[PDB]
Amino acid sequence: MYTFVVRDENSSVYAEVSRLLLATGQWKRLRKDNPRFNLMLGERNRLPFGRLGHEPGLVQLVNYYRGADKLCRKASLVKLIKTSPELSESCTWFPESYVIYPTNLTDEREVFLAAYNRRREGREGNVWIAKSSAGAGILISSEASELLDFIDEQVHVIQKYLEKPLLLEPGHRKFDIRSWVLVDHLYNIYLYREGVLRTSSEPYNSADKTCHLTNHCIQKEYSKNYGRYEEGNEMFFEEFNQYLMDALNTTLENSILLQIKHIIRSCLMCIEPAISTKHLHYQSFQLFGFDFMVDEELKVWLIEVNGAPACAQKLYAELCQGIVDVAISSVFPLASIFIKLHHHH
Amino acid sequence: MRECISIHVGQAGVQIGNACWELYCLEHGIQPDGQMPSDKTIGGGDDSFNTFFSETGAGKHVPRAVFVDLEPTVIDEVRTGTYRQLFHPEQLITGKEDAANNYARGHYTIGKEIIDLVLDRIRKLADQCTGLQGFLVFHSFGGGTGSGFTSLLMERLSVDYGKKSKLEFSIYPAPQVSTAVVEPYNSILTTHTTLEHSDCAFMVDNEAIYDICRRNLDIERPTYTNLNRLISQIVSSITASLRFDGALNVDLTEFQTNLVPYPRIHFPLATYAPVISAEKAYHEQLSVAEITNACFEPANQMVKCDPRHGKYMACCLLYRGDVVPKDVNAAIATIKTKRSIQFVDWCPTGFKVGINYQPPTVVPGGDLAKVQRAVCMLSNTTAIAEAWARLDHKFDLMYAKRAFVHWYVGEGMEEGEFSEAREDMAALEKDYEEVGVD
Amino acid sequence: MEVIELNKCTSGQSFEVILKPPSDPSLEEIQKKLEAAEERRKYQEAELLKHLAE
Amino acid sequence: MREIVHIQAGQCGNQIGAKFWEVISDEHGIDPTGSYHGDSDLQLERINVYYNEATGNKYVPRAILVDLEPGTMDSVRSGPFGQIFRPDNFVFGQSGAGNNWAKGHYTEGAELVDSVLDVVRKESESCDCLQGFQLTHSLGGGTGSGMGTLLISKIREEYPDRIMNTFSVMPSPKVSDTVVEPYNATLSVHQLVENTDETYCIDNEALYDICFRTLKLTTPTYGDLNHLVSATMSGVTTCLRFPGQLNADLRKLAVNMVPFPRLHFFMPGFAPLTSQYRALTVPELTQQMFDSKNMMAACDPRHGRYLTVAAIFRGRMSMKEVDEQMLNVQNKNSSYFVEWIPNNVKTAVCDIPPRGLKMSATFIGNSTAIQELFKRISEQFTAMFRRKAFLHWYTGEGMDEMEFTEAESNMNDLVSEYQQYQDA
Ligand SMILES: Nc1nc2c(ncn2[C@@H]2O[C@H](COP(=O)(O)OP(=O)(O)OP(=O)(O)O)[C@@H](O)[C@H]2O)c(=O)[nH]1
Ligand SMILES: Nc1ncnc2c1ncn2[C@@H]1O[C@H](COP(=O)(O)OP(=O)(O)CP(=O)(O)O)[C@@H](O)[C@H]1O
Ligand SMILES: Nc1nc2c(ncn2[C@@H]2O[C@H](COP(=O)(O)OP(=O)(O)O)[C@@H](O)[C@H]2O)c(=O)[nH]1
Ligand SMILES: [Ca+2]
Ligand SMILES: [Ca+2]
Ligand SMILES: [Ca+2]
Ligand SMILES: [Mg+2]
Ligand SMILES: [Mg+2]
Ligand SMILES: [Mg+2]
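Residue numbers (my numbering), protein chains in the order written: chain A, 44 to 388; chain B, 5 to 442; chain C, 94 to 147; chain D, 64 to 487.
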C-alpha cells in the first residue's frame, strides 16, 4: 500500500492520475501536509524540494524536476539555448530570439537592433513577435520601435515571426503541434505517440491576431469559424498524417516527427546534468509539453516548452495511464503508447 | 606557533572529541600514555602539533581540550578509557543531572550554576598559550547541554576572548538516531543565540553519516561509534592544516577569510571521499580525478542537499595522500565541463587547494579501509540552507500548537524567545535566497 | 585556468587555481538575562507553593 | 546514580507493587534475601535506580509500603519477596479507608501522611541525585486513591523540582468492589492532572477483557490481572533499569511524551500475550504492540490520534528489522499520528528479555483516545451525582457537594482538552 499527496488541485492531468492511483486499490491518498508519502503531486510554484528524501524508510518520488524551469520559461529558454554549447547560438531549429528587459528595470536591446537593421537594409522579411511568460499580451509588428515601446508599457522576449508557415488546406490556415514528453526517474525520454495540432480556424493573412495565434482560448473567443474544420480546432496525428500523404506526398514521421524527436532529445539532454536525480536522495519525473511550428518547407521550429501542460480531452485517459505505468509503477510496482528516445547518459 | 583550545559540550561533543583526539594521537604518533617518541624537544617546542598538544617536563603531550557535560556518565568513559592518561582531571567537568533535552534547562537553569567553573578551567589552558588563536567547539544541536550550555559558553567566550576566533562542529538532528522530539526547538534556539558568536560552523547531519555508513561501509544499523569514527576523519581533514606544516588554512582566521565572505553565512558544506569498507579484502584505489569528482555527489556530503540549485561563495579542497597539483588541476578542468558549479558574481570561480602528503590514518580494527589518497571539500554553497528549511518547518509545525513549550517556560525562558529565534532563522533563510537565487 | 601562490614543504604543498575572474552583549547584559530567567522560575515556584498552601 | 523512590499505597497498590518488585528483582538477579546471583553485569549497571546497597552486598528496594489497614501489607511481608523490603519502610495504620476518598485524603490518611513523609525524606536524603517518585495505587478505593493523591500533593510541596510518576489503576464495573468507585476515581483524576508528570492508565476493564477474550480465562482473578500489570510495569521501566539512550530517566521521558502539561496520561501496551513455546517474529511484535487488544486502557486508538509514542523491544533481535517494522506501522497508519509533532514515535531496544520470553514489546502511547476512559468515568460519576447518591459517606467526612461539582467540571475540561488536539 503506497501513499501519495496532492498539492496542485488545478492540475487536470494529475487529478486523473490521482483518480487512477486510487482505483488500483494499492494507493492511499494522504493529507497534503502529511510528510510520510511515497509520491508527491507537487504544486507549480515553490515546490519544497529541500524537504524531499529526508524520510527514513520511504522511497519518495515527485512529479516535477527541480531546475526544469530553465527550459520552461521564455527568457530562460533563450538564455539556455544561446549559452549552452550543446545548442549554441547557431541552433538551426530555434527562431532567432532576444531577451529584452523593460526600460523601467543581461539585456540584448542593442544586439536585437543590430540584426533588425540588417534585415531592413537587406530587403528581407523583418516581422518579429514580442511575448512573455506573464501573458494569458502579444504584439506582432514589422517595426522595432513598436515592439520596444510595448515592452516598456516584466521581462519579455522578441523572436522572429515565421512569415512563411505551413498552411493546411482547405482553409489556408495556421497551426501548431503539441507533443507530450514524459521523463522518468532514470531520465528515459518517452514521447507520447499521440499529438495534437491546435489549428487556427481563420485564413492566414500576412498583411488582427486571430489567424496568427493558435491558442485555444483565442480561437474559441475571437474566431468566428471555431470548430468548422475539426472539432475544437484540434487535428490529431491520424488526420494530419493522411493530409500530408494526400497533399505533400509525405508522412508525418519523415517530414516532421523526425525533427520533433531530435529537438526533444537536444533540450532534455542539455539540462540533464543540472536536473538529474540519479544519485539524489529523492527521485523526480515530469511531464512536458513541447510546442512546435512548421514552415512551408516542412522545417520544424521550437516555440516553447511547458512545464505544467494540460492534455487533449480524447487523450487524457491514455496518457494518464501511461504516466502511472512508466513513471509511477516503475518505482512503486503494483501487485507501449510512448516512443523511447534513446540517448547517452 | 599559536595554540588552539578544543571544547567538547554534551554527549555528542564529548564522544566525537574522544574519537578525534584518538585519531590525532595516531596521526602524530602519540602513545596513549602521552609519550611522543618522534618529539625530540622534550618538555616544550613550538611545532605545528603543539597548537593542539601542550608538553610537560616528563614528555607527556597533553591535549589542549576541555570536556564539559552536565551528566557524568559520558565523561567517565574518558576518565577510564584507553587515552585516560592523556588528560588531567581539571580538563573534565561533569555535573550530576543533565539538561533533559531542554535548551532552557541547559542554558538558564543548570548553565548558570556551572558556567563560571567551565570558564575558569578554560582560563587555565589559555594561560599556557603564548598566543591563542581561539576555540573549536564540538556539540549537538538537539541535546539540552549541547544546545543550551554551548550558546551560553559562546556568549561568555566572546566577552572574555573578544579578539579570538571561534569555530563549531555541530551535529544536526536526525530522527534515525535522535533521542528527543524537541530537537528542532533546541537546534533553532541555539543557532539564534550563537549566530553572532561563531565565525565558522561545520554542520554534520547524522542522517548523511548514517547513510554513508550503511551504503559505503555495509553497516546495517550504524552506532555512534561507527558515526563518530567517520566524523573524526572529516574533522581531522579540516584541522590537519592547523596541526601540520602547510600554507593553507594555517590559523583559525584563515578559515573565515577563505570560506566566509558574509559573516552570517558561515556554514560551509563538507564532502569527503573515499569511504571504503575495511571488510573488503582488496578495493581498487580511486584516482585523484575520481575522489575529486565524488566531492560533487550529494551522497558523500555531510549534509544532504543539491549544490546544483544553489551558488558557491568559496571552495577549498583538502587532499591527504599521494596527490600532486598536476592531477588536481586535470580533475578540476574535467569537472567544470560536466558539473553545474555556479559561483556568485561577486566572487571568483576558483578553488583553494591544500595537499598533505601523509595518507589518512585509520583506527586499527575500525570500519574504514586504508586508502592511498583522500579529499575533503569545504564549499560555502547556499544549498546548505535546505537543512535550515527542514529544521524551520518542523519548528513551525510544533510551535503553532505550542507543543512542549511549557517545558522551556518552566525553566524561566520566555515564550518570546521562540518567536525571536524563529524570526532570526527566517531572516537567515532570506539571506541564503538573496545570494544564491536569481 | 591560472595556478597561483604555490607553496611547497616536506609534508605537502598548497596552491590556488582560478577558473574565472569575478563579475556583542556585555557580561552585565548576559548576567541580567540569566538572573531574569531565574527570577521567573522563583515566581512560578512561589505561585505553586501558594497554590499548595491554599 | 539517578535514584527513584517507589511508593505503593492501599490494597491494590501494594499487591501490584509487590509483584513489580518480584518481577524486576528476578530480572536483576536479586534473590528474596537481597543477595545478587546474576550472570551479567548489565543487571547491576543501573541497579541503584531502584535498589539501595547495604552491608554485605545486599540490595534493598527503595520502596515505601503504605496502607491504612495492616492486612494487605501483612500478606506482602509474608509473600515471596516479603523479606527484601526495608522493615522501617512499612508505614501502616489500623482504621482503614472504607473505599472512601475523603477518609484517605482528609481524615484517616491525614493522621498517617506525616509518618510516610518521614520515610520518604529518609530515602531521599541518601540519594545522590533523585529523579523523582513512582507511585502504584488504584483510583477506586480509599487509601491508594485518597491518601495516595494526598501524598503526591505533599511530596510535590517538599520536592517541587522532581518528577512525579504514577501507575494508576482505573475502576470498572466489570471488576468492581463498591459503587462509589466513580466518585473516588473522579476526585483522584483531578489531583493527577495537576500533580503528576506521567501517569500510566491501567484499566481493570481492559485487564479483565485481555484475560477473558485473549488469554481465555473464564474466571479471571486479581492475581491474573496483576500478572498483566507486572509485565507492563517491567516493560515501561526497562529504559530506566538498563543502559540505553532513549527515555533513560523520568524527566527525559516526560519531555518526549508530554507536549502539554495536563495531557500526561499514557496508554500502556504489552506483547506477546499468549494463553506458548512458539517464537514470535519482529513483525508480529509490532502488530500486536499497536493492536487495541494488547492495550491496558480499554480505549480504541483508532478513535483518537497519537500525540507521542514510546516503544521498547526486549530480547536479541535484528534492530534493523525493528526499525523497518516501526517505520512500516507509522507509514501505513500515518492518519492516527498527529502531523504537528514530527517524528513523535521513539523506539528503544534492550538486549535482556523478560522472564519466560525470548521476544517482548512494550507500548507507551499518549493518545487522545484516552478521553474515552475519562468519559466513561464521568458518565458513571454523573449517573449517581445527579441524584446525590452515596454522597453521605463523603459529607460525613467534612466534604461539601461543591468539591464534587468542581471535580466533575475538571475532568470534563480534561475531556474537552483531549478533543481539541484530536481535531487539530
Ligand atoms: N554523531 C553523533 N551524534 C550524537 C552522539 N551522541 C548524541 N548524538 C546526537 O545528539 C542529539 C542529542 O544530544 P546529546 O549530545 O546526546 O545531549 P546532551 O548534549 O548530552 O544534552 P542533555 O540533554 O543534557 O543530555 C541526538 O540528535 C543524537 O543523535 C554521538 O556520539 N555522535
Ligand atoms: N516565432 C513565432 N512565429 C510564429 N508564430 C509564433 C511565434 N511565437 C509564437 N507564435 C504563435 O503564438 C502562439 C502563442 O505563443 P506561445 O506558445 O508563446 O503562447 P502560450 O505560451 O500562451 C501557449 P502554450 O502554453 O500552449 O505554449 C503560438 O501558438 C504560435 O501560434
Ligand atoms: N488490577 C488490580 N486492581 C485491584 C486490585 N485490588 C483492588 N483493585 C481495584 O482497586 C479498587 C479498590 O481499591 P483498593 O486498592 O482495594 O482500595 P484501598 O486499599 O483503600 O486503596 C477497585 O476498583 C478494584 O477493582 C488488584 O490486586 N489488582
Ligand atoms: Ca616538543
Ligand atoms: Ca566575536
Ligand atoms: Ca483517629
Ligand atoms: Mg505557455
Ligand atoms: Mg547528555
Ligand atoms: Mg479493597
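Fair warning: there could be bad hints in the mix.
Label pairs and their in silico Cβ distance ranges [stated by the list, open to error]:
#, chain 1, residue 1, chain 2, residue 2, range
1, C, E138, B, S423, 37 to 45 Å
2, B, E419, A, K383, 34 to 42 Å
3, D, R276, B, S281, 47 to 55 Å
Okay, derived cross-link-like pairs now, SDA-like style, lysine to any residue, Cα gap no bigger than 25 Å in a straight line [to be verified]:
#, chain 1, residue 1, chain 2, residue 2
4, B, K405, D, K421
5, D, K356, D, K421
6, B, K44, C, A130
7, A, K113, A, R161
8, B, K284, A, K75
9, B, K405, B, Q376
10, A, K75, D, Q483
11, B, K340, B, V328
None of these hints come from the bench; they were simulated from the model.
The beta-carbon is built from N, C-alpha and C at its ideal position, and this holds for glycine as well.
Each hint tested on the structure:
no.	hint	in the structure
1	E138(C) <-> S423(B): 37 to 45 Å	25 Å, violated
2	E419(B) <-> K383(A): 34 to 42 Å	58 Å, violated
3	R276(D) <-> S281(B): 47 to 55 Å	51 Å, holds
4	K405(B) <-> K421(D)	41 Å, violated
5	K356(D) <-> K421(D)	21 Å, holds
6	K44(B) <-> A130(C)	53 Å, violated
7	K113(A) <-> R161(A)	30 Å, violated
8	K284(B) <-> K75(A)	45 Å, violated
9	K405(B) <-> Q376(B)	53 Å, violated
10	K75(A) <-> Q483(D)	21 Å, holds
11	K340(B) <-> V328(B)	19 Å, holds
Against the hints set out earlier in the document, violations occur for numbers 1, 2, 4, 6, 7, 8 and 9.
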